[PDB]
Amino acid sequence: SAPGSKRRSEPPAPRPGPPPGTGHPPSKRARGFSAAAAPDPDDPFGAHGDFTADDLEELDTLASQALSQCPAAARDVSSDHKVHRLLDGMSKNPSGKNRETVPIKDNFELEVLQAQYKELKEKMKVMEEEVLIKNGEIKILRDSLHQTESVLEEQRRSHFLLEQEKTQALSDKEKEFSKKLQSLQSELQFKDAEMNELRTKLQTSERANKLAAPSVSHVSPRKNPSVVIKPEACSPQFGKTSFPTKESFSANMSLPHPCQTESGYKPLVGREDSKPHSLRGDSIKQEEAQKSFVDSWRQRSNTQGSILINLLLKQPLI
Amino acid sequence: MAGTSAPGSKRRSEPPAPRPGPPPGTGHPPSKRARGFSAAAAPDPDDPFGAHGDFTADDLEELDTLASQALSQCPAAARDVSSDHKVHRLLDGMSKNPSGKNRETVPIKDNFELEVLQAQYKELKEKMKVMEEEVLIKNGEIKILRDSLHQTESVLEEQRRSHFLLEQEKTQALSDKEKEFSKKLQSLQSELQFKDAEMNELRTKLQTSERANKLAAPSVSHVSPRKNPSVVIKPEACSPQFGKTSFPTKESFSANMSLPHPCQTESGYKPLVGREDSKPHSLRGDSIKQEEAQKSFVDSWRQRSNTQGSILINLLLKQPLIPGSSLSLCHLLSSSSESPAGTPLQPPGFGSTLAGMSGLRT
Amino acid sequence: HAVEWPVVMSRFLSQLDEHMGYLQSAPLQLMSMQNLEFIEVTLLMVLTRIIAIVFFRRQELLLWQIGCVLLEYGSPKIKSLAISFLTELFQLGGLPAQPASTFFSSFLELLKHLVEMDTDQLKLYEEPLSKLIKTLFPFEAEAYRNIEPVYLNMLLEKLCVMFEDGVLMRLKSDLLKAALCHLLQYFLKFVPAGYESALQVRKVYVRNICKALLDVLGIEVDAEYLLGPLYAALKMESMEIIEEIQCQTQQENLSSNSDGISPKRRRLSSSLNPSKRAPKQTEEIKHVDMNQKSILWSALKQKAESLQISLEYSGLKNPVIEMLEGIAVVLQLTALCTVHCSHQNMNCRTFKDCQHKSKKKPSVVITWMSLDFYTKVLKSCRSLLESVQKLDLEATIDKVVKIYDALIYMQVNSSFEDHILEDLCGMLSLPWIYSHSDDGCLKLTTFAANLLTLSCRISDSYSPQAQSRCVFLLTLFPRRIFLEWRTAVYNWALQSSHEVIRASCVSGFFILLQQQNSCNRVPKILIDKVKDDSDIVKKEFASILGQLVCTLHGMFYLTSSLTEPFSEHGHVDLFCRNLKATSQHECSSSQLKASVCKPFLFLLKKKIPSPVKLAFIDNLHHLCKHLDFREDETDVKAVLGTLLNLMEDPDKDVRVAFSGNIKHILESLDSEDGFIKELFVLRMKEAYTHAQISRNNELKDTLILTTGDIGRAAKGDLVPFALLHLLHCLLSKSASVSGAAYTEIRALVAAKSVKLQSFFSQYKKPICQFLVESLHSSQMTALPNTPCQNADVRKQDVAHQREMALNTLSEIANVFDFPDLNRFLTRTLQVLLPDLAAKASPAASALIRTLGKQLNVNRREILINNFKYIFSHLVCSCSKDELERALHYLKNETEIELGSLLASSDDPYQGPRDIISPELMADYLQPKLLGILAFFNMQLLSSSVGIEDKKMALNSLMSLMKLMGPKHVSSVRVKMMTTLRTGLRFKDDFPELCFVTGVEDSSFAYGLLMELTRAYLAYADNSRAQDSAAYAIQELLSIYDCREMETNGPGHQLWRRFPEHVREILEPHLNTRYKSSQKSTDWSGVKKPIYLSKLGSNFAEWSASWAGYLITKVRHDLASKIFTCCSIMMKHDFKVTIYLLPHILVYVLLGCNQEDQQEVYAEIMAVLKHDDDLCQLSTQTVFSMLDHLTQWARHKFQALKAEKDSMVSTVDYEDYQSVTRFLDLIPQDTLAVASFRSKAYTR
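Residue numbers (the entry's author numbering), protein chains in the order written: chain D, 5 to 322; chain C, 1 to 362; chain B, 167 to 1068, 1101 to 1192, 1383 to 1560, 1572 to 1603, 1615 to 1653.
One should not assume that every hint holds.
[Stated by the list, open to error] With a straight-line Cα cutoff of 30 Å, these simulated BS3-like cross-link-like pairs (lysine-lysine) come out:
(1) C:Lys184 with C:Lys214
(2) B:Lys452 with B:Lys518
(3) C:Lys270 with C:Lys234
(4) B:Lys300 with C:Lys129
(5) C:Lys214 with C:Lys183
(6) B:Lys1482 with D:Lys143
(7) C:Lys10 with D:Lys96
(8) B:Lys297 with C:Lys129
(9) B:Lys518 with D:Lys289
(10) D:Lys138 with D:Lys122
(11) B:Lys1467 with D:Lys214
[Stated by the list, open to error] Covered stretches of chain B (in silico footprint by chain D; criterion: 3 or more residues with CB under 8 Å from a CB of chain D, positions within the stretch not fixed):
(12) 181–195
(13) 224–238
[Stated by the list, open to error] Partial selection, computed: residues in chain C whose CB lies under 8 Å from chain D:
(14) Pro7
(15) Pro18
(16) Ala34
(17) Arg35
(18) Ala39
It is worth saying that the hints were derived from the structure and are not from the lab.
C-beta: ideal position from N, C-alpha, C; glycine also.
Based on the provided sequences and hints, a complete structural model is requested.
Dropping the structure here:
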């Protein structure tokens, strides 16, 4: 009755300690495909509509241990296609349970670290199922890994011909328009989504984002003039990355004659105050001693951003 | 339904294969001692409930020997002896939880063998402090298969008697035969566990061997040597091994009585009488087989055990008075001398125990 | 791996940057950093890199958390425990990693407090750590932070000690402290003259360890006794240590002063133990003399060895802090004469060239925390020192002590703040306001009582200070945000002048402005914005809205500030603030009139848009869409309130055209309506003839031709501003057409009917003071006619008021209305028969004292109205409402009026209770009468005699209404209806003997024309909706769209059941409305699902709205009225739809696109089947509509064959075919099995 999570931690604890031992990573698909029967083929029956291991007990989260097994031994293409026809069996069909929220994240995070590892195409069909199985009222962690979900897919969704990118041209920042996020990690979920927004060039932004979820991000950013403190060590860098969004708006609105902002001078208002606070982000004390990374936030990530302050003064000037 | 829980047995072995791929990691196992500490994370958490649960690894399955297999993975290489101490907190906690699983309802039998695998693998004091733990926690009122696990506790102490001066054999000399009077008892494997308990009597040396044995145990073992062929059956290699262990165990007083001869012996010739005829119950029966080439080794085993009994034939006669018999064992001693003079010619072996037995049986 | 001194230290930075990015890669760095910590454990060399790798230890101090793998952390933790075991390389580490190891042990023990569950192994590692820490205590060389983390671990060991229940014994750290308890004495007494100085300095902190532990723990009784043994035997060891300090006083005078400061820190340690209760300052006062033995310099300079041991001990500032500790130990010792004289000896020193300011903080805590003088005089003795501190140029030195002095007051009412605030902020506007920003923030903690009467300099300092806080502009955000906690202690009167001074500061902010102060003034507006909960501050928020009008104006950082100020207005918005938007909009309209005054530039094409754009901004700041007209109702009235010389007239002549189809003659009708032209004029002499000339400029004024009833509605709008300001203007309002003063009373009865229109004005909006004015108007009505004839409807209009808010002033006004009831009904009190029931109705929800006095005014009227016939008698049932006060004695006087003014009697009393039970005037009156009936039924053993052979009816009628009024419930009336029946017998059926559907059968006849009584259907249904009250405005404005749906003369006036609702219809018979737009946005197959797939609340009504969207091609006459209902039912009730829904299908299936009759059919089947509450409620509608069709076909097929105009009636017979053909799409088992599924069953 008192061995719920500690005894369940011993699986990856055994897995990572042997991962931290010795040579090449063919063990990433050796013991895993052996152990792949223990959950996924243990959930293979699908008694309608309930899998055999998944929808009986809550301890069907060894996929996170399989994600930990995906995180165990990193070379070079092994466990993913070894779980490929297993996930096309299990995780393709046993993911649209439409609530799933007990490790619905780690279900996707299994595919995320799969897509993080290597490959191009087998997960690129699986993102259509994530394009299929989506939600706008997901859980706060289910929205959180969803921001990571297209993020790990974005590298092959910007591989050469972008391969999945216009599949979510309606499943764009519309999904970031699932607003009213939770506490600062869910605020940082948008910051990772801002970090996810670096690719995908700016032809048709008005149907996809219209900088309107970015205005909702600017709504967070207009708050962010004084919304955070000492997680501002995250959040002002997230504001410094929000300064890239105006530079991204500089590469979109001041690209060819859009200006992109109708009811957003109110939004660019405190953004201009945040542009006033852009170079004034690390200007409380400003001593000449720096341990490893202190003053470079509003100096070097303000070198481009004071330009981006003038490029917040480019589509609509200062 | 695609498959039953035999697929989980196909998964638990595959989890043991995950333990074997963990065993296929590398040399010295501080990381697996940390996995033994990660086992100790679970092992402390089992009795932390102390209510209607068990040691969940042992409560996972039965044939899945990851408690031994990770300890086999912990037998990677010696660095240094805290790996032989880190699972000690995993050892006694689940052992007290198995002691909290007292009377052995449906899951407490398999614990002591996991403990024996924990006893056999690596304990610097991880057995000795466990013996210090089992000194505070032991209950011996055992049963049929529980006699084997009690001999697995007897398997520990001789294995714990290894290091430099054996370091707890005098402490094991406290753990004496005061509970070991439960022979004339359970079956052939338990008699082989009694032979293992006799292998524990071929252990616990002059600190306690001059106290515990007193030649009334070997006569009770001579009753057990009668019992092993009679109180059960199907011990064809097993009683042969039990005699071969007794061939070591009767010769375990070789340098003991030939140091100062304390030995506490009351009936110093009763056990040697019927067992040497019970040797002829197999060896003169093997001299009734009388083959030259071994079958594969089962002929070669009992004959080497007869070559061991040839030393035992030289043993009692060199000190004690032979041919002072009353029953027809002296008439079987001539049949043993018939087994001797057969096997003496059939020896082509060590001439010392040959010619001595050529004067012992004759 | 390839890790040089140059490589790995450079690699650490991007690794720190990788840590600065985030944490949580795929656990590879946890392998690397534990190897790097092992590389740090290997590290004893690369001396430049050893500190340069400690830059990663800053990131390792940064990356300590509880968000990592429980394996990979705790594995390295025991590996750190091995690294900390043989930590000699850490014990000989150079400078920074040696400091960071104490950070790492902090990073251990802080993250160890998180949950990863390696339970006793951590405790084994703890004992592995503490034995290493006691060895680190043994290997004492320099540090204290290594001891402090051990002390943090000892506090964690104290957390391990006092966790659940343990009496601070068998604690190995306290045993290590007990091991320190001899090792310190070993370092003190014997064989210790070589190196144990820093070991004593460790033993100082080691004694301070368990001391700070004993200060830390939430302690108890004798469980905490061994936690007092952290110092108790150690006090004798401290007495040994004080003797060892005397042995330490036998120094060789060679640089032992830091150890003497450590001995002073050792002295302060036991002082800090003595600084908390408890344990015997009689011991500690001896050490206080030893604390005094540190300096003792200026007065004594006693011995030569007592001189040189004080000269180097005086260095440099910590000795004055030790004198401040000598304040603090004397503050603990309660030897106030020894304290203050040493404080005088501290005042003898008192300069120290930097160090007196640190020494003056606890000296300002010396006479204060003791409170050894008068607590107002104690301020001045500090202020005289603060005068020296203001003379000291205390650049944050004593300003921190002055920041410490604020909460150090702790006994002062108001006036001590008035003197001391002169010293602080006057220096703060000069220099060093950074520390004063904390002090001003310290004032928000300190202000629990201050500034009673002479606040006019106190807040004048702070308003100057917050203005001065913009001179650094970072404290500008701090200043009134601290006062946002603190300006709750304020009235509005002098604060307005302070706000006028703040406006004078805002004007100074407006004057002294380039772009910097205005940003701070925006924050100062924002700091004024969060300074809410005052109407003058809301007027200052209206001045901030005037500053938002200025933020609409300056538009550079001001429009940047504007929406943030609107967000600050939204931060001020703890509701939808249309309340403060009533009069303050006219101030912004006066700013718009100032913007009309700022329209001298020839921008007739531009400012016609730009002032409208100025009008666009604040309305968009008010966050609405249709407010172009709804705000214009007061804005044209504000344009009426504008004098409109020339600048506003053509502005209004263009802005109203920009608003609506409202040209200067067309909006002159909208200037005549409303009469706030005349009403909000109210400024009699000058502007009125100018406004009439402006009305001649608007409409060619024929001002005799005006609506007198709207002027009577303006007379209601006048008497709002009670009274003589109205009553003087009322005469000119009367003498405009024909009328005069106190006249005309029959027109005042129509104004009393317009008081019901004022009650209709009281119905939708509140503006609660208008009801107080209505009572003044009622006082003016007693001044008008003293009309009891009005008091039929007027009390009913007063009844309709009575719980508009249950605002307690209306309770006084209802008492005034009762005084008006004591006024208008003085000669008769005839209506006070039924107004007693209203007095029972009003005083039901009373819960107030003067209402009991208003009940005592009825008990006055029990004399004063000459208590009489059954007006006085038959009210006795409900009269017993509370019996709490001497209202009970008035109820006893009413029990006199129930008995002294007063079987078959019980059969009369039950028959009296019978009409009482089915009265249900008040629900509680019915609940009281039922409660009366309960004990009335407890008069049984005669009721069983009334239960003879067949059970003697009107016992039946008693039972009959006891079921009939138990039809459903009121909430307590449900359980009251239990004692209705069950107190009586079963009454088997023994005498339980014995036109609703004639309307319902004519309802399908009403469904036929949709003209005959659909009026009586829809309007009376909206009348039930008329008390939505109000929520939303469309829920009000439905009725005006229903007034747009109103048509259809006198039979509807014959339908005036609530003729006040017909008067509310007559009230609604003027106002245009109905701008709620709509479309199809079809998704018809989805709509076939979203008949139920949308979320089931009004989704079937939304499906009805999509059916209303489908209801285009159907009989356009009231299809717009159905579309007017589509405006309504989108916001209106589920029930409101239901009276439309039959006629809809009657309308739609006359003819609509036969393949989409399938869509009608698609609504039906899918709602039933796949679902099975919100379903089942929606099902009954679907039943009911089909049942109309049947009967409507029956009304047809009667008239199809009762004919002998039959041509289109044959097409209607073809419709009667097609409708019956539509019935042949369902039938019927489909419907019937769902009815079996439904609420159930008979259909």
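Open item on the list: Checking each numbered hint in turn, tell me which of them this model violates, lowest number first.
Closed with: none
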